[PDB]
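2 protein chains.
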Amino acid sequence: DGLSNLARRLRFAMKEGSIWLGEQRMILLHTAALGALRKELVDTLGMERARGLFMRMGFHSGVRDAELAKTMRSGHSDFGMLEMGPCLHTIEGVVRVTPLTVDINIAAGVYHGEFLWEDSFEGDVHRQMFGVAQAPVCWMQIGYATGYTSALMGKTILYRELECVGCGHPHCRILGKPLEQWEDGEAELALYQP
Amino acid sequence: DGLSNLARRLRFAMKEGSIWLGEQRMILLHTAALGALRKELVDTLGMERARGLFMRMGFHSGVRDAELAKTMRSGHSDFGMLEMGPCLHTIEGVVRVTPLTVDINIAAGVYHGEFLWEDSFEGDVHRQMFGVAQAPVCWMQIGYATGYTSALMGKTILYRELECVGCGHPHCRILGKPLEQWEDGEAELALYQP
Ligand SMILES: Cc1ccc(O)cc1C
Ligand SMILES: Cc1ccc(O)cc1C
Ligand SMILES: [Zn+2]
Ligand SMILES: [Zn+2]
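So the protein sequences, as listed, match chains B and A. Residue numbering for the first sequence follows the entry's author numbering, starting at 14 and increasing by one per position. Residue numbering for the second sequence follows the entry's author numbering, starting at 14 and increasing by one per position.
No lab work stands behind these hints, which were simulated from the structure alone. Accuracy of the hints is not assured; some may be wrong.
The list makes no distinction among identical chains, and a pair is therefore deemed to hold if it is satisfied within one copy or across any two copies.
[Stated by the list, open to error] Simulated pairs of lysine-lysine, BS3-like, Cα-Cα distance not exceeding 30 Å:
| id | residue 1 | residue 2 |
| --- | --- | --- |
| 1 | 52 | 83 |
| 2 | 168 | 190 |
| 3 | 190 | 28 |
| 4 | 52 | 28 |
| 5 | 52 | 168 |
Please model the complete structure; the sequences and the hints are all you need to start from.
Printed below as a string of structure tokens:
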């Protein structure tokens, strides 16, 4: 439903050699190509520095998709507004999202969201070049959620992966909530600065 | 155009959150998101380190798409083979290509090709993050042509931008030819090494 609706805002304009999602120009990019960039970045700047670059890239994508969802706001509930995010992420072929428990009220600054991630392109791309890892590896995907939800709520909303396919788990699972409700929220917020 | 022929190799499966072009998984990525990453890489590693990283990412994309083109060899001419490169580059929303002159024989190792680039995503976004540039800026786009053509020929075909919108130019213009037919071809080839 949310997919069908938002999918109509994705258009291919070959006569411009361009692709548009709402107001934003998009490119189709091979995950292998992004994966080899990630490898170079990790290999030369280190896992931590690379994680941040990607999280902030994901952050701007999410902010942009939130602007797009903001225009499509009429008739939609707060949850329906939130749902567009997972939907765009899915349309963009990034990940398949299933909302598990979602508590939102934008007026009241209420947000607590848990989501299932399946077929995370990031997790199964890190795998093909690093194998399994200690910490969660879907950095760009997390930044997108963070970006999208913070833009929607008009306040800092951070996300963490509780489990991730690149750690060896069967799925990625994420939790989003306001900066105040994270035990190390200040360290988390830092990663989103250049 | 044969954009039609290749269009059938692009399959969107939203009900799964994935996009495949031939046998490569793809994502739709906001050019503004790539722009932000590009900005951080320049500021942190310099113009030339970054240019290298993008050329190499583009190179990987090109090599993968030439693999797709090869499965569609059918009863195509060498030029018709060559032509799927520009077609894929246009399907992926990167740029629209116009051949000026194309001289190719894969068997004999001959290649000399000049093209127009219109509506370059990469030139357009570089200007938005840095302004007009001193030298051509469609790094990822050049690497793709290089990678695609080199993989198709089984020999190193390097491309250079003679003109670029990122420079104040009303369009981009490129020249591709074998390594040995460039005077500086050994220092150009260096950028394709991590
Ligand atoms: C809000 C949002 C957007 C995209 C996702 O993958 C997940 C979430 C939670
Ligand atoms: C070969 C090839 C591939 C992609 C382009 O944009 C241009 C050329 C010439
Ligand atoms: Zn993950
Ligand atoms: Zn250019």
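Checked hints:
1. Proximity of residue 52 and residue 83 under a CA criterion of 30 Å is satisfied inter-copy only: 27 Å between copies versus 35 Å inside one chain copy.
2. Taking the closest pair of Cα atoms, residue 168 and residue 190 come within 30 Å of each other only inside a single copy of the chain (10 Å); across copies the shortest separation is 53 Å, beyond that limit.
3. Taking the shortest alpha-carbon separations for residue 190 and residue 28, only the inter-copy value of 27 Å comes in at or below 30 Å, while the best intra-copy value is 43 Å.
4. Proximity of residue 52 to residue 28 under the C-alpha cut-off of 30 Å is restricted to the inter-copy arrangement: shortest distance 29 Å between copies versus 34 Å within a copy.
5. Taking identical chains as interchangeable, the C-alpha atoms of residue 52 and residue 168 lie at most 30 Å apart only when they sit on different chains, with a minimum of 25 Å there against 33 Å within one chain.
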